[PDB]
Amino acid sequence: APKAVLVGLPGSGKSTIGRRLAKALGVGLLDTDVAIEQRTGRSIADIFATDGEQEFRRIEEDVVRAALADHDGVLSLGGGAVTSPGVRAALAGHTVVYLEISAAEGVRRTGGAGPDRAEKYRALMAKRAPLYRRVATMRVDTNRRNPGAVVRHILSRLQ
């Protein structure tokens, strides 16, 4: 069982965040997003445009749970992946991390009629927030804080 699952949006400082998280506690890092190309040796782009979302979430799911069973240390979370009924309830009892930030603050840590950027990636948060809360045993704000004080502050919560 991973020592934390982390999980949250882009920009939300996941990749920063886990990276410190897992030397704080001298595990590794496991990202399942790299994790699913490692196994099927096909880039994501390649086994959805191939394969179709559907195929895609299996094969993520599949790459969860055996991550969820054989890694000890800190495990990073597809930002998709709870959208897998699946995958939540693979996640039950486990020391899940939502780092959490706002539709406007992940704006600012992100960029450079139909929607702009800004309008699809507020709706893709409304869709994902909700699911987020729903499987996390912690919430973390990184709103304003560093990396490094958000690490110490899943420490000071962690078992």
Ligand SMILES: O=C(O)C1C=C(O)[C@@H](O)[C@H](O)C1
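We call the rigid core the largest set of C-alpha positions that still match within 1.5 Å between the two forms. Positions refer to the first chain, counted from 1. Compared with the form solved in complex with the ligand:
Once the two forms are fitted on their rigid core, between these two forms the CA displacement reaches 2 Å or more only for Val107 among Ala66, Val107, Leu124, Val27.
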Given for the second form:
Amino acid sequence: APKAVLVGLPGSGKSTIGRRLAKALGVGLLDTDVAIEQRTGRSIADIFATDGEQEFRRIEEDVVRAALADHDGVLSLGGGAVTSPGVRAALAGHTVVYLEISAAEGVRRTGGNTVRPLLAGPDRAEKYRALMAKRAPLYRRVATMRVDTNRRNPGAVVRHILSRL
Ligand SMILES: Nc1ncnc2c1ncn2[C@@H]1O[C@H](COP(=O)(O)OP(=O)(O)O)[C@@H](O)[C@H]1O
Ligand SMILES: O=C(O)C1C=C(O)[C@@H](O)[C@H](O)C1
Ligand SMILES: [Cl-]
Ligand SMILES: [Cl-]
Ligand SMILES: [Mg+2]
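Since we've got the form solved without the ligand here, give me the form solved in complex with the ligand too.
Zooming out: every chain and molecule, the one shown earlier first.
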């Protein structure tokens, strides 16, 4: 079981806080997206391209179940994983840190468009708020710890999580 499972919208800091929290804890980081494309040689985006969310999520939920079981480090859940009820069920009892980010800051951190398909450019701010409106309640469902990453620099979010694990 992971030291901590990180959930949040794109830009909330999963990959970042994950890497830093993993390092701090001396443990490894496991990003389910990477765990997904590695295990498939075919990229997340391109995966969707060929088989769509219905399939992606099936693959994703299965890697998550796996990571939740065999990973003792820090696990960063790909943003939409929470939408799969089986991902939510798999999460129960685990240490789930919901990295909270406002839509304004969130739209801005992901400003570079470092992938994030559902977050395509044409009217991203609107897109991100809708996305936040939909995923937000779910992250709050599965979260055992909510961390506001809005003001806090990465180090402080990480120390905040450490201080609380
Ligand atoms: N607390 C933070 N303060 C400032 N920038 C952050 C913070 N958390 C993450 N970032 C930055 O925002 C960008 C998105 O972070 P990332 O970890 O890739 O998000 P996610 O994987 O959750 O989608 C990264 O450049 C990262 O450096
Ligand atoms: O918020 C989301 O649905 C997504 C979050 C990331 O994990 C991407 O890899 C997924 O493809 C999409
Ligand atoms: Cl299981
Ligand atoms: Cl994501
Ligand atoms: Mg990520």
